[PDB]
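Below, in structure tokens: the form deposited in one PDB entry, a single chain.
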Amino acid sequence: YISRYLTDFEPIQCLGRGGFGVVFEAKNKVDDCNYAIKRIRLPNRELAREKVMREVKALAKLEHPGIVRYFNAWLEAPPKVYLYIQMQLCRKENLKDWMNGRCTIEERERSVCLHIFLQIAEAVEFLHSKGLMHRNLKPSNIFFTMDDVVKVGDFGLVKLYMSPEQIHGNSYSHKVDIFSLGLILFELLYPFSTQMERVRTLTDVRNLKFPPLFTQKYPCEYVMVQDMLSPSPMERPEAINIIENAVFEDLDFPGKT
């Protein structure tokens, strides 16, 4: 039996795993580039297989600077069944890691944080414009390219960020992603020293109880986070309304571009 993956790529390392999948870094022999390759063992569940196959088709149609670049997808059945998905290789350190390495307010300059957030919101806006919703938006699903371009996706390298309507298992709309955005904006601007402090504070912010020093330092951002975290989905602003906010006009910081 001839395996496409072993024939065409030289494996470099395991990048991680989660759910049905394992992710490898591997170099393509012909083009000499390194890629992130997800190997999905197709589940025994036909409806889960339906979702997997449908989602690769949807991904393949997407082109946006804030969405991880897609290259290829194929099936292999050795003598159970694997779906391989080949993507652009991003940096190892995601948004969660990036925030964890910047635990002082000096390391979270306003314009830098808003610049990162804007990119996330624009990626979310793109998805919504295509009739898609992320549903699982969180810092561990937000990576950076080698050039620090933020990439939103479904990484699966294994909750506080999901909307109330999702937690209760109710029906929902694209507005669920707006809730996640609110918590992320806050988290970007507000550095944590311990994991215990992070959980406590984000849980409070979920219920619209904000640290007093945040509300005073960032009055404009405080307002937009409140609106994004509205318990009622319909009261939450659209992604396009977020990105058009004056707060994002003419962002600049030393070293930008």
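Here the rigid core means the biggest group of C-alpha atoms that line up within 1.5 Å when the two forms are laid on top of each other. Numbering follows the first chain given and starts at 1. First, how it differs from the form deposited in another entry.
Among the residues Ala36, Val205, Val52, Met224, the single one whose Cα moves by at least 2 Å between the two forms, once the core is superposed, is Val52.
With the core held fixed, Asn170 shows a CA shift of 2 Å or greater between the two forms.
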Second form
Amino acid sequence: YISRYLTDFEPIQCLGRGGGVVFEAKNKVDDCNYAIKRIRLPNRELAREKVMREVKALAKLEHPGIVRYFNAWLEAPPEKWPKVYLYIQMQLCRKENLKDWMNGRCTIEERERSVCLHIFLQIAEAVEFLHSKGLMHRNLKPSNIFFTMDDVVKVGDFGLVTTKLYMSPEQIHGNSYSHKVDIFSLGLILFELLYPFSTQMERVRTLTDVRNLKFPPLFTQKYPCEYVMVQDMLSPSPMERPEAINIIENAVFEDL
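Right, the form deposited in one PDB entry is done, so what does the form deposited in another entry look like?
We keep it simple here and write out only the one chain, dropping partners and molecules.
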């Protein structure tokens, strides 16, 4: 038995904690560094065949807000001590993610209104695209939103499933039946972009409050239009929240 991953790539480090795993690996033939994700597949035939049906439909996706796909492949290695792993090879993004970007700019000066909305609009446009193809991200949060080396915003890892601060409440109690879950996540992200934080304590407290529609008074005054958008997006009743498309069309972006 030969391992495809081990022959063709020389591993660099880990990028993603798994509960699967995400490595940085140089491809030997093309000398480029990729984000490789090793999933352990289920034992069940009909669980596996549902994952595979997914990679099939995600492979087809092309959008500027979706990380660039390269390859997907299976390995069934011998028992170290019937396990089959799925590898996906993705464009390696900039190591500074949206959390890191935000953590480095803790003054309203550094959070240039126009830059923030631009960043957000990309995240929103990506989510529209996914929804238009009857797909939901279900994993939007600043730690899983990236920039390319070309400095383009990408919605991060999603799909292929076997911190809860950005999940909608219905996502946290029952299965996340609705695709509106993504609209909720967007609500928080838009706010957090426009309103920097000094401490971790302050951030947890303030977001936890905004979830319950208890907005800082300086925010409500400083950004009146955004405040109504973020109120809509955070509607406790999913059916009340706007569609992805409705947010893009909002006049706040019109001329930028």
